[PDB]
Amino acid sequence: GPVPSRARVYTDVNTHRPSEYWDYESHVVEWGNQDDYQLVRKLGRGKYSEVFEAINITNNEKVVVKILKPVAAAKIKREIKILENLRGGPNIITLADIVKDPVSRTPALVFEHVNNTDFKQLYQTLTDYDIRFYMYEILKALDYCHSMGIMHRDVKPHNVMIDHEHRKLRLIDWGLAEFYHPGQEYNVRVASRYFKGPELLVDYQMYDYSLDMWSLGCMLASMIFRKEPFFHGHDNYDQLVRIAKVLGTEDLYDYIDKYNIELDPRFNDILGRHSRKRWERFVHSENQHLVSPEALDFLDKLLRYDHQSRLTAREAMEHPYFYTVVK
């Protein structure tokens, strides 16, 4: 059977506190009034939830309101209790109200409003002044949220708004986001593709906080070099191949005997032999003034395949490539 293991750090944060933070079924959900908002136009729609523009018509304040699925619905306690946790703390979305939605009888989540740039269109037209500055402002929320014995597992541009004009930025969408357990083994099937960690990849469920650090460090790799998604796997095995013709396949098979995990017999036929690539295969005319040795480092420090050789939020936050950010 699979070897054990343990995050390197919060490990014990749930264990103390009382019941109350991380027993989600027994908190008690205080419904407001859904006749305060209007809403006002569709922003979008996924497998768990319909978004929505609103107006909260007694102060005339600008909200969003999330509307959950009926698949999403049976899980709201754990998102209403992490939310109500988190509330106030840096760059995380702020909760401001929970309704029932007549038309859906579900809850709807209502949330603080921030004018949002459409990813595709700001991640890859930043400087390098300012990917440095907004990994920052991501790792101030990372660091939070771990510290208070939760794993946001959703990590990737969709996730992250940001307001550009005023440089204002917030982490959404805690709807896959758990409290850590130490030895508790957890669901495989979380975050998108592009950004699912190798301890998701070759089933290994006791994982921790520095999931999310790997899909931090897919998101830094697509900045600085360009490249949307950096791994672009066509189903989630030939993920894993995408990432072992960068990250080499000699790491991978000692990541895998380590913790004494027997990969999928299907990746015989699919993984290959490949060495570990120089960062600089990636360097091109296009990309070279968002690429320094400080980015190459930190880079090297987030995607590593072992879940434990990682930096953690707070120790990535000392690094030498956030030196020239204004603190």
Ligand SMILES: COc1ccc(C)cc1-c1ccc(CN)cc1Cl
Contents of the next structure:
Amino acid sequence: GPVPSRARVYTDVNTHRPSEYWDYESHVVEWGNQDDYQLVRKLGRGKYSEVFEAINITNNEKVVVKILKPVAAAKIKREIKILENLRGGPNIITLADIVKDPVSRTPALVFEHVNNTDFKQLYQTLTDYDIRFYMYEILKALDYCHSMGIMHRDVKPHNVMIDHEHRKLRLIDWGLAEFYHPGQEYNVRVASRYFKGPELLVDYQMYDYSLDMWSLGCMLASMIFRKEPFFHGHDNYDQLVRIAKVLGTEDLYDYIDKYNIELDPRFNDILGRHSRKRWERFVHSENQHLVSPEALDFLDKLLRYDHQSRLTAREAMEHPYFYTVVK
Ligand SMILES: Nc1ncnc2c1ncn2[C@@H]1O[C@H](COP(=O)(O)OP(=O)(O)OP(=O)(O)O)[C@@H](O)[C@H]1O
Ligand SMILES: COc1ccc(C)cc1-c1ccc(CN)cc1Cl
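Alt. form solved in complex with this ligand, vs. the form solved without this ligand above:
Starting with the chain above, the whole complex follows.
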């Protein structure tokens, strides 16, 4: 069957720490007082929660309340444990409290509020310098959570809050996050379609932190090339074909051969034969201001089929693309 895989970094973090750290089912939730929070306006609703802007009436500060839907209410302890483990980490959203919502009768997570600049506004106006600056801030969050034995598994622009006025970034929505345990087979139905790593698309379950680095590369590619999303698949199968049209099919076959993966036979009639395209093919007069040889080299080192060959977050922080960013 498939050849096993393990991360090249932070493999022993969970075994080294006490069981109480990663054994989220044994965690006893410390409930706060729901009356401390007055809901102001509904910000959104997904398949897993309803999100509200609120006021913490004990200090009059703005907060965000995520009232979990019963479908999410099963794996609530995992999100809570991850948020508590990562609390205070660089660019990690702060979990301020956990309360029982009086209406839904489910847990409601209370987070610090971030005055998030419009996504269209950020996508359309971030300069070359700002992209480098914010990419470095995301890497601080990813290296922290990976160093803490956790993979986010849903890295995408909607999960990155940016308060552009205060040059403040937060990585949010830890609902899909998991503890990395070497040799564990994980569910491949994670991340959003356009950000799914090839490991997910070929059904390779023994993945790790490096899945987040692929998703980060997808964000960077869309941003520097002005191509939203970069890999625009119609479904999960066409998603791999879109990747193969850029990275080529030869390296895809080398990847599946290395891990002894057998592609779904439905790929035989859609994948075709494609060479790798040089990153400069995507440069044009409307994106040339965001592209540089350093940006292309950095992107090249993230967007690799082989999850073990991608830069780790800490290696990525060493890249020449960030030399211009003030530290
Ligand atoms: N800590 C926070 N501070 C401010 N706003 C937040 C915070 N956490 C979540 N939000 C906002 O809550 C809203 C809820 O929207 P929703 O649940 O539909 O997610 P989303 O951003 O649309 O992501 P997706 O693309 O997965 O739908 C979003 O507009 C998001 O920006
Ligand atoms: C493709 O987007 C991004 C790509 C790269 C970087 C550094 C940031 C972003 C980015 C992150 C969050 C938001 C707002 N939710 C908006 C944007 Cl444009």
